[PDB]
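K.L.:
Below, each chain spelled out in residue letters.
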Amino acid sequence: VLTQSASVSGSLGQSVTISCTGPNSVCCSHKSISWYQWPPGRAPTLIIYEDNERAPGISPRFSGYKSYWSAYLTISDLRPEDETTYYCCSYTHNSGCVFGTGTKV
Amino acid sequence: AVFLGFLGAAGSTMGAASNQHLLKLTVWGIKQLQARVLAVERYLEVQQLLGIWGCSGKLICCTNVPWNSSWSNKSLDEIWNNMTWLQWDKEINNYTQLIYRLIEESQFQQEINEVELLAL
Amino acid sequence: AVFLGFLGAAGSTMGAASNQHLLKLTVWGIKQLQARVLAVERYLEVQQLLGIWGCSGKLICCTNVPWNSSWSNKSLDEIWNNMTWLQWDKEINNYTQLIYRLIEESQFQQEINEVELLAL
Amino acid sequence: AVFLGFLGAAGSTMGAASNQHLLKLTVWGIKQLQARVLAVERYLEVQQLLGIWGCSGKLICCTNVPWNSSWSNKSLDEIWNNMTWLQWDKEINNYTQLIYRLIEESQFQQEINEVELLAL
Amino acid sequence: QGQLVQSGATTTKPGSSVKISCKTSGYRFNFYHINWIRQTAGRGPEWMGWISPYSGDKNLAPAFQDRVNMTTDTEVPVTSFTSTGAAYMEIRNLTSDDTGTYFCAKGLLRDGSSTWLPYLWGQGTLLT
Ligand SMILES: *[C@@H]1O[C@H](CO)[C@@H](O[C@@H]2O[C@H](CO)[C@@H](O[C@@H]3O[C@H](CO[C@H]4O[C@H](CO)[C@@H](O)[C@H](O[C@H]5O[C@H](CO)[C@@H](O)[C@H](O)[C@@H]5O)[C@@H]4O)[C@@H](O)[C@H](O[C@H]4O[C@H](CO)[C@@H](O)[C@H](O)[C@@H]4O)[C@@H]3O)[C@H](O)[C@H]2NC(C)=O)[C@H](O)[C@H]1NC(C)=O
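Chains as they are written, first to last, in the entry's author numbering: chain E, 3 to 9, 11 to 27, 27A to 27C, 28 to 95, 95A, 96 to 104; chain B, 517 to 535, 563 to 663; chain B', 517 to 535, 563 to 663; chain B'', 517 to 535, 563 to 663; chain D, 1 to 52, 52A, 53 to 72, 72A to 72H, 73 to 82, 82A to 82C, 83 to 100, 100A to 100F, 101 to 110. A prime marks a further copy of an entry chain.
If you are wondering where the hints come from, they were derived from the structure by calculation, not from laboratory data.
Just to be clear, a hint being listed does not mean it is correct.
Unchecked claim - One-sided excerpt, in silico: chain B residues whose CB lies under 8 Å from chain B':
#: 1; residue: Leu-566
#: 2; residue: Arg-579
#: 3; residue: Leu-581
#: 4; residue: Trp-628
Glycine residues also receive a C-beta, built at the ideal position from the N, C-alpha and C atoms.
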């Protein structure tokens, strides 16, 4: 029920922007948005929690943003290993992740 | 004697824990005497640091020494909402003597700026 | 040693009163030794309450705990212009332990509101 | 135990200097015991004057008692840029007991003016 | 640090009720939530639920409200901040739609807004 970007990609040196929006029941100005770098079938990685907070060890290139209707994930200064999939969470303090449709790069 | 209630939250996160007379030199008398001296010694041992840092009578005093990131690289969510005061000490126990000297001189330089300020 | 001049106005109203070395374990030496330890113990016994209530270095410190009328129903003219500090204690000596805990936490909650205030 | 670093500038001008356990009553044990008691006694001896003058936790506290010129007739350039804290004491050692009583009551009258001020 | 090694990739047939284990190492098992999230082959990643190894409290998804039984046995202390717990999870009327890799992950923090967020994932157990 949480849609993202269809698909996007870039070159080594530029930046991308994976959107993440949905209806009023899943987004946004009352729920937290997290971002996962999730290669399909393998162990994922938490890249962003509650809107723009970076998880420990995350490079300062993964910057987050969240307007009143959509949350964005900028992957500035791309690397060869950044080419996987990306899903966004929709959660509060006492609930569960409502994952999105996903967006490859 | 005082309280071990501080210790109630020894496993809680740092954000949760913070939020007759006559002397007789019998074997028990000498034992109970040093306990009385060992209490006032350890008490003032801490209480003179609070005084020399300009924090006497305070439980939580903010200082003016910036947080040198080489002491710890963790986030404010990784500290106050994760680590306990017992384990946070082990991570920072190397720089505790290096930090206690900065708070000691931040108070000292604040005192001379006040003696120049109140002179107007 | 200090002063018994405080005691000068023990019968006055509350508004008037407020306004060599070497140790030798001889019978006198052991006697004079505990007097020295019994002084610093009783001194810090009071001085740690003043510190934990946020009143160190103060003679008269105002607090933030309202006066619960169940502690005393008398008027301000019946207290400061009538009763003496010696007899006022006997009337309120039941709630002294109940009041000392409120001043202890009024200071504690004031400390966390300052660490949020000075963060701006 | 504490520091003799204060003493580093004993010849400098006043403006430069300012800017295991178990007790055993052996001959060494009794010797080392009184040293522990003689430390906390001399420490609080000074620390209670700082508290009663309204200067606890302070290194340099300004007061409200004006400088009576009969204590010293020298200039501010003759004091802070000439005399050392060691010799300045000998010149003023007569009025030290007369000054310590004024700072003691300047704090006392400041306390009653605050209890009237914060009552608004 | 920490590692949440999962069970074996065992596959049964529809109607079964397979159990998946998830034993931890190198961290306080009681200090963080355990979380289970599957990745269906014909669906988006689906969050199933978390339980508190300390409080013993559970909260699952509506699509698994009366279909999943997840439990945790107590931790075996190793040091003052290391434990060795285990997390088990079952499914009720399992069908061929539940085919896919299953994951177990531990919580992000132990206080705040994102307390239970699946931070440290395990290894994965492939199902039917
Ligand atoms: C010992 O150590 C453990 C683990 O380290 C500590 O347990 C953890 O405490 C933290 C902080 O208290 C918890 O984080 C909170 O999580 C709750 C989520 O629970 C809510 O949702 C449940 C399911 O919907 C619901 O059943 C709960 O309702 C009651 O029922 C349970 C039944 O057991 C009861 O135990 C609960 O206490 C409730 O009374 C519950 O509502 C979440 O609500 C919190 O978010 C709020 O608070 C934070 C501030 O803390 C704030 O930032 C948020 O915005 C929001 O306002 C918070 O996320 C964590 O879940 C606990 N468990 C873990 C980590 O496994 C324990 O406290 C320690 N005890 C001591 C004595 O040290």
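K.L.:
State for each hint whether it applies.
P.N.:
Each hint tested on the structure:
1. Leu-566: 4 Å, holds
2. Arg-579: With a minimum Cβ separation of about 6 Å from chain B' (threshold 8 Å), the hint on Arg-579 of chain B holds.
3. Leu-581: Nearest chain B' Cβ about 11 Å off; hint violated.
4. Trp-628: 16 Å, violated
Consistency note: the structure conflicts with the earlier hints numbered 3, 4.
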